[PDB]
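Trainee: Spelled out, the chains give:
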Amino acid sequence: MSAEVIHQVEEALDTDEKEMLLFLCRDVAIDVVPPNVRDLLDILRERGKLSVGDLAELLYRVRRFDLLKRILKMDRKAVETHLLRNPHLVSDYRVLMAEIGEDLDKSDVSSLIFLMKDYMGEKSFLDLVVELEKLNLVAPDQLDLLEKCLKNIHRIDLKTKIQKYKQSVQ
Amino acid sequence: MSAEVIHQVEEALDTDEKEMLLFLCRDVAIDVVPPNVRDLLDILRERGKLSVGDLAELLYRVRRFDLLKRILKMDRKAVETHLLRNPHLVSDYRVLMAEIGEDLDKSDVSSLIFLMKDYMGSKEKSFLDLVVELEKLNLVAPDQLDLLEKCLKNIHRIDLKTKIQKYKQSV
Amino acid sequence: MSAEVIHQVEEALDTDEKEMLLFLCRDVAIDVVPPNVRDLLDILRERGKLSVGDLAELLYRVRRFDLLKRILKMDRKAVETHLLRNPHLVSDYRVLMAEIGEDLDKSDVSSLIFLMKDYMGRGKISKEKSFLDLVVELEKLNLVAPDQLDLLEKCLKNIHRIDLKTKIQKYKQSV
Amino acid sequence: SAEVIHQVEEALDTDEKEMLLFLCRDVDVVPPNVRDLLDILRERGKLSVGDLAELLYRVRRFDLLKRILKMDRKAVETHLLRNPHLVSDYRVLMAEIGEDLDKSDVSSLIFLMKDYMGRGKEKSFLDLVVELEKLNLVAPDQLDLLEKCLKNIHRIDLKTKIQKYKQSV
Amino acid sequence: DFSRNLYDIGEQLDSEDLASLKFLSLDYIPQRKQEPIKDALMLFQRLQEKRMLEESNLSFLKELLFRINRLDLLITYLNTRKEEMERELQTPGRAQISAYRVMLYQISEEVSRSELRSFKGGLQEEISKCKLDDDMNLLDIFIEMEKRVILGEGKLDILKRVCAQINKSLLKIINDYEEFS
Amino acid sequence: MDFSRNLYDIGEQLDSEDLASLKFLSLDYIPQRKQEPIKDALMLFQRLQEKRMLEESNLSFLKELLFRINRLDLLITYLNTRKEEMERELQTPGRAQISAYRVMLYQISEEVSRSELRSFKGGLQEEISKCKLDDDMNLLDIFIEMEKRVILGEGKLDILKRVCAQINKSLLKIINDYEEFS
Amino acid sequence: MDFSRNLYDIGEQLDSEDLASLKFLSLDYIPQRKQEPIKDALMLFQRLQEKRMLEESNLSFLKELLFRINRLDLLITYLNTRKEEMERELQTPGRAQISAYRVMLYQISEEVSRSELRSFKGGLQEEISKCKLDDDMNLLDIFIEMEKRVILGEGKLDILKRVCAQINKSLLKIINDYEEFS
Amino acid sequence: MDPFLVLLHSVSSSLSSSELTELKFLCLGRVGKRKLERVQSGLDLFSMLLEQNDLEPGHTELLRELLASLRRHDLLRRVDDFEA
Amino acid sequence: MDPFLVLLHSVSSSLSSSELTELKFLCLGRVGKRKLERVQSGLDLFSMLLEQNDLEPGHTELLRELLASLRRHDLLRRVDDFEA
Amino acid sequence: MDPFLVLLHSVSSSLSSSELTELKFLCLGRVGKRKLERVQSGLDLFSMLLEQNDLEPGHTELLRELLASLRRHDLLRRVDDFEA
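Protein chains in written order, with our numbering: chain A, 1 to 170; chain B, 1 to 171; chain C, 1 to 175; chain D, 1 to 169; chain E, 1 to 181; chain F, 1 to 182; chain G, 1 to 182; chain H, 1 to 84; chain I, 1 to 84; chain J, 1 to 84.
Keep in mind that the hints were calculated from the coordinates and are not lab data. Where hints are given, some of them may not hold.
To give an idea of the chain F side of the interface with chain A (calculated C-beta under 7 Å), a few residues [stated by the list, open to error]:
1) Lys51
2) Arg52
3) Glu56
Note that beta-carbon positions come from the ideal geometry of N, C-alpha and C, so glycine has one too.
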């Protein structure tokens, strides 16, 4: 709504939170890719897509309820009801990717990198996902290359999440 | 009453106490998140909130009395009287959390995080980091202490529950 | 003199005596805290407070007389005369603390930290400690001082070790 | 055979790039990008598949030799005997020595060499040979200072390697 | 179909086996690149770099797994038997690992903790007190001896004398290795 | 009702020896690399939770594990299961998630005293010769070591029988009872 | 400072057997896992302090423990309590923080001879099945092992009655007195 | 106290095997059989009895009462001289 | 090679198990029970008593008093010959 | 020197545990208690003594009198024959 609110929001976040938000806003940033999160917020504001509900949605998707209550004077229930009523800006596929990436270990992601380096030509799971998307191998409609890869590393728990998402969308 | 005592304070304190100092000063600097201690002290000095009494109180909270006797040339009784008369900067909540985190050994924080994994998402993860993370989700606040008290009571640590209840009785 | 002798001394000391040397050198270099022996020796050399006599005195205090002959080509008589004719590099309080800490085994530091659990923290002493670390912790809390030793003497008497109490009495009578 | 340079350089590592730059230091501002070397060698006419193969064999990346240049170790070894003058053997010896020191050894070496060197800092062994060359004391003919400093940290096999190289030429 | 098998093989190697393989691969892996290695996957990738371990060529990994006396991985994943491995290693032209490393590793196996302390207590003249540390493994002592060119292929006098001072059994291994060589 | 609280209470009743026994029994479903840093029951419970073998809805594996180490107290204090129910459940084929080989080896380990242990260790030198002669090696560790060198396996039980017949006879009875299945 | 000195001096006068008896008497208030590292009375005192049952102004549990193991000189020397003063306090209901079951088991343990211990092992070996045939284990370990396998429960006492009747008679007298108490 | 301990040692030094067995049978009521099982000398029995506070330096009537069963008046006179 | 230390060693080398048990009981007043539990030879007991400063080379009345109870005249003779 | 070191190792390799703790007590004054606490073998104690250069090939009388106090004349004879 105002420049100082978004400036405070950008100042109060963390580098990992900034990177996660930048990845999560990839779908809406197809036309222009802001290198900085402040640039992304400015672009969203200039296009009118940065609203109170939208900002609440992004802040809720990064689990920062303290900033939600301290700035927007809103709680979890209100933003959840807004999500239920108002349409979601970002597809739940990105939310699933972020949730999966939040749980993998550094050794696990290194093993995943070693396994998947055959197809492709330090790196976090989000970097691997975006690089794979650049190579057009995993898409919001195809997830076998991820389900099988996750099952191969003996982390069968996230296969349940992937299949639950796949069943839910259809 | 100069600008070089700050550098000596930075030099003397090790990183283990510097983390506790950062946590204690976290609440007052509600809009800035400095990575180091020197920049935080500079920010406090520029804001004008930092003073000789404030620095003495901060160094007394960290329990480094030799610095008070050496740099500020002040005793513990004088600073205690100053605290009794001059209202304190850091709230009792932060020092209570620091005291709670001091007595929890490495074998209990793992049990606590295993218990609390259902509410959130031998690696060195101190209790201060865990309480900061819990504060991020708006679960532990100076008004809401039910979760921490219940968790401490459920892992066979009752004196800390007594401390929490005493703090609640104080207010 | 050069850095080669400092390196040779550094590589000839095990991890046990490194802590002893660090505790002994706290008085001389109090502005900053060095992590390892090499950094401490480099700082004292750069500041000019380190010389052949200082290193000889430190090696005499750490009770490693063989290294004096092997490296510095000096005997115990030379360092004794140097100490006699020159001011002490380390206060006698530090060497007294080191002497006390030499005679306390692992079965007594537990008793000490149990008796003095009220003054200091509980999670700090969970990790394996030695008497030197306990002295450092007490000195941080301004409980033990070069001119104040009643509490430590009483604590040593409580664990039924009369000889160390007599040693404290002797040192206090000396000053 | 012209745009494969990007493919070759994209499959390398940071320390590998540093070693490559040290090797190419024999041939001005140091170009972080290999394209300057490409242009210089193409203008000189020295650029060839054989030179790139020899460089890759020196940096021990045989997988890229087979994948990109479609050649094995035997082919590049045979081509080496044709004219092994792309890089001086002094550089090869220095790189081989630098590949045999861990973090503790390089830290001890820099601490020892700080005696008469100005306070310039985290760096590797290959980042100190350049400093000594700037001071111009490690000559390809005389290496007395390097051997004296290396003997103090108790590494005698490398001293024997230095002696063998010196007596060979 | 191939990388998954390598990952499976690398998921059943503990720290001790990793250290043993790291020591066994000293000639083909320089010391500097060895420090970052913290798991079997990194070592496998590094060996893949030097083109001595590919999908088609698996001899080096086979004999490396056979050397540390772990035949379970040989029979289960790599699908080979002990007898044919012995027959292949009998040929002098198919042993990538030199007999020096094998002999030193066997000596390391044959030494218990008390004999390890006996070794550590009889070489103060050679190795610095700092480098001993009273917790280093025997292989670290051997590589430290190799660094100071005290224990070479042609220089086995000090090892032989410390063996004769400590244990008679190790002398049997040393002298049969010498007789074979 | 708190699943995590129940798991923590179950894990607080297990000492180092029972932890080692639990680690050995479930060796099939967790590789040795992931099994090195396990120092308390909480880490093992988390590792089992990763592979979808232990959760709030499905407890069919924890009950079996607690039954096999004869810790029947926890089966009734926390999980509220009597011995007869577990016996009937294990009697029905297809619900035994642990092969009879591991439980047979564990029973042989339990049925050996200290003198029998040292006699077994001394007699083991016939075939595998000797790796290191420290007596600190428990029977489970020795069994794992022998399994690594394909000395002892599912179809290879001759060495175990040969060594056991020199010491006791009830072990032969256990081995024959196991062989009766085949 | 006085309280810490008193606790340390009390702990300095307890040998290994008394430490084992104290450890057994307080299984309810100390979990199995936290009890293994205990090697001296000081760690037990610290653990009791953590549970907030042994405080500067709350010394009832220490008096009860020192009275149960029949050490009265320590009671009169430091805590300044006589036998009758503690007996009157313990007689009234509601102030007993130790279950009558545990004290009954300990009283049975004190009144068993070595030959009676061997016969006790022989009598009930049908259930343990030679797992604990070693004769170096005292009666308390046997009782703990029987408690693990839900044989000797609070409401399940038939095995104990049968074995004690087979061995002697006074043990049955103590068991009957305990039953009459309930 | 030191005189009490030295007196107790002196009186325990003159005991015999039959006297020890008789004293054990007499004192079987106080303590359990296990506590009285491995005792091999009167000194060990006195050390055991010092725990139950029944034998104290202030009052030693139980000691003389126990010794009276052995018809050893010399020990009674010795302890009487001690307590004097 | 202190004369007092070697004398204490020689004295402790000539004791027996029963004498050691009697000495352990005798010194129960000063040394605690837990410390006395782990002793196995008189050398350890003498070393432990050296801490409380009651037994020192300057004054050796405690050793003479202890040896008087054991009625070992040879060891007392050695003790008094050491002083001269 | 190396012959001195091998002689020291050989003489340390033939000491019993009782003789080991006997030697540990016998050198109480020279070496602090903490260092003696972690000594497990005679060779380690010999190295600890050599650290203070009181024991060396140039002056080995201390080891001679130590072995004499140990009542092991064979080891003393071997040590005397070493320099011959």
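Trainee: Hints first: check each against the structure and report whether it holds.
Mentor: For each hint, the structure was consulted:
no.	hint	verdict
1	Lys51	holds, 6 Å
2	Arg52	holds, 5 Å
3	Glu56	violated, 13 Å
The structure does not agree with numbered hint 3 stated previously, though it agrees with all others.
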